[PDB]
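Participant: Given next are the chains, with one letter for each unit.
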Amino acid sequence: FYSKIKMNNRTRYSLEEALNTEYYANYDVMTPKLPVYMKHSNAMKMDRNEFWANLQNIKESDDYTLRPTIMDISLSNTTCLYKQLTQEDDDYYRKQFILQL
Amino acid sequence: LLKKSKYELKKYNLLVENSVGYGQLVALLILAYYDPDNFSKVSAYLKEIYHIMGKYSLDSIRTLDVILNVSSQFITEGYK
Amino acid sequence: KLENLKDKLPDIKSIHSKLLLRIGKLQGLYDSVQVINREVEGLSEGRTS
Amino acid sequence: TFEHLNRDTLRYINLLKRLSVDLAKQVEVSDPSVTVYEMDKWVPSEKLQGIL
Numbered sequence: 302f303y304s305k306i307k308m309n310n311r312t313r314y315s316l317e318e319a320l321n322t323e324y325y326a327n328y329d330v331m332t333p334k335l336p337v338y339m340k341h342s343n344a345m346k347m348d349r350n351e352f353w354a355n356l357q358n359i360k361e362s363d364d365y366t367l368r369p370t371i372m373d374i375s376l377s378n379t380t381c382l383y384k385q386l387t388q389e390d391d392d393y394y395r396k397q398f399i400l401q402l
Numbered sequence: 161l162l163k164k165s166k167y168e169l170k171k172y173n174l175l176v177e178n179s180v181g182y183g184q185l186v187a188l189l190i191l192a193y194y195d196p197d198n199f200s201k202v203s204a205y206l207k208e209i210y211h212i213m214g215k216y217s218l219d220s221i222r223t224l225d226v227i228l229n230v231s232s233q234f235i236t237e238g239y240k
Numbered sequence: 099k100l101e102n103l104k105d106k107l108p109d110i111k112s113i114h115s116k117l118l119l120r121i122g123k124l125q126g127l128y129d130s131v132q133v134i135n136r137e138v139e140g141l142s143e144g145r146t147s
Numbered sequence: 106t107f108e109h110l111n112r113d114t115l116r117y118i119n120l121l122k123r124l125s126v127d128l129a130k131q132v133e134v135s136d137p138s139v140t141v142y143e144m145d146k147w148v149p150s151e152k153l154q155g156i157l
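Chains as they are written, first to last, in the entry's author numbering: chain F, 302 to 402; chain G, 161 to 240; chain I, 99 to 147; chain J, 106 to 157.
Just so you know, these hints were derived from the structure itself, not from any lab.
Even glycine gets a Cβ: it sits at the ideal position worked out from N, Cα and C.
Where hints are given, some of them may not hold.
As the list claims (entries may be wrong) - Cross-link-like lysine-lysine pairs, in silico, DSS-like; alpha carbons within 27 Å at most:
1. F:396 - J:122
2. F:334 - I:116
3. G:166 - G:215
4. J:152 - F:340
5. F:360 - I:123
6. F:360 - I:111
7. F:384 - F:346
8. F:396 - G:207
9. G:207 - I:106
10. F:305 - I:99
11. F:340 - I:116
12. J:146 - F:340
13. F:346 - G:207
14. G:164 - G:215
15. G:171 - F:396
16. G:171 - G:240
17. J:152 - F:384
18. F:307 - J:122
19. J:122 - F:305
20. G:207 - G:171
21. F:346 - I:99
22. G:215 - I:99
23. F:305 - I:123
To be verified - Covered stretches of chain F, as calculated for chain G (at least 3 residues, CB under 8 Å):
24. 326-336
25. 349-355
26. 367-375
27. 383-397
Generate coordinates for the entire structure from the input sequences, incorporating the hints supplied.
Facilitator: This is the structure:
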């Protein structure tokens with residue numbers, strides 16, 4: 302998981318150095334908060350904020366008022382326990398097991 | 161036994177009394193500082209905190225200590 | 099209230115199928131940006147045709 | 106079903122900022138009175154922003 306973040310933004314640091322070949326760069330491997338095109342675009346913000354706004358109307362209704370926690374690890378189901386701790390996309394279920402230990 | 165099981169409040173004051181309940185509180189605060197959307201869903205993160213420390217009987221003094229302790233590593237970018 | 103759990107199930111099948119749709123869209127935007135960065139690298143080598 | 110909807114909204118959060126492939130920037134300028142350039146306010150072209 303940490304070798305897809307390291308090799309994504311190390312090639313484009315080797316690509317700044319060739320295109321505008323005025324300035325070298327060593328930056329850190331960090332979270333590039335929004336890329337360049339998600340930063341300032343009100344067409345991408347406004348349809349994304351109205352996806353979270355009707356995910357809350359499910360969780361504010363008086364019908365789905367019986368539900369597990371968002372950060373919950375399963376223990377009974379043997380299939381979902383292997384499917385939570387092996388997918389290299391989320392990595393918030395392999396940080397709980399390190400904190401618990 | 162009179163003032164342990166009739167008068168003592170049933171809350172958990174340390175990080176070992178609930179390793180499961182305090183492990184999901186830290187990982188929810190690690191997640192909240194990696195959202196692009198952080199001002200539109202403030203009140204969606206409080207209502208998941210109150211459901212975490214009601215289900216597992218976490219303390220209310222030690223919980224405010226963990227919130228101020230994790231949020232001091234991310235104070236340079238997210239302080240709003 | 100837990101006896102039925104019938105007309106409360108397909109409204110979670112709906113919001114879960116839109117989220118798997120929005121994942122596959124933005125997984126496709128990160129695969130056409132990686133096409134633009136393969137052309138600009140090769141073009142600024144010096145070899146065009 | 107809730108145990109599947111909760112896991113697929115954490116990999117949607119973990120895909121907008123954390124791994125988040127972006128563009129490689131070529132600097133173009135037109136006015137000759139700038140002389141300093143911070144590489145934060147580089148935005149792409151008008152024809153590429155409408156496509157993306």
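Participant: Each hint needs a verdict: does it hold in this structure or not?
Facilitator: Results for each hint:
1. F:396 - J:122: Within the cut-off at roughly 18 Å; holds.
2. F:334 - I:116: The hint holds at about 25 Å.
3. G:166 - G:215: holds (21 Å)
4. J:152 - F:340: holds (17 Å)
5. F:360 - I:123: holds (25 Å)
6. F:360 - I:111: Given that 27 Å is the threshold and the Cα spacing comes to 15 Å, the pair holds.
7. F:384 - F:346: violated (31 Å)
8. F:396 - G:207: holds (22 Å)
9. G:207 - I:106: holds (22 Å)
10. F:305 - I:99: violated (46 Å)
11. F:340 - I:116: holds (24 Å)
12. J:146 - F:340: holds (10 Å)
13. F:346 - G:207: The hint holds at about 23 Å.
14. G:164 - G:215: OK: residue 164 of chain G and residue 215 of chain G at ~22 Å, within 27 Å.
15. G:171 - F:396: The given pair, whose Cα atoms are some 25 Å apart, holds under the 27 Å limit.
16. G:171 - G:240: Measuring from Cα to Cα gives roughly 31 Å; hence the hint is violated.
17. J:152 - F:384: violated (41 Å)
18. F:307 - J:122: holds (14 Å)
19. J:122 - F:305: This hinted pair holds, its Cα atoms lying about 14 Å apart.
20. G:207 - G:171: Holds - the C-alpha atoms of residue 171 of chain G and residue 207 of chain G are around 20 Å apart, at most 27 Å.
21. F:346 - I:99: Not OK: residue 346 of chain F and residue 99 of chain I at ~38 Å, beyond 27 Å, violated.
22. G:215 - I:99: holds (21 Å)
23. F:305 - I:123: It holds: about 20 Å lies between the C-alpha atoms, which stays within 27 Å.
24. 326-336: holds (count 3)
25. 349-355: holds (count 4)
26. 367-375: holds (count 4)
27. 383-397: holds (count 3)
Of the numbered hints given earlier, the model fails hints 7, 10, 16, 17 and 21; all others are met.
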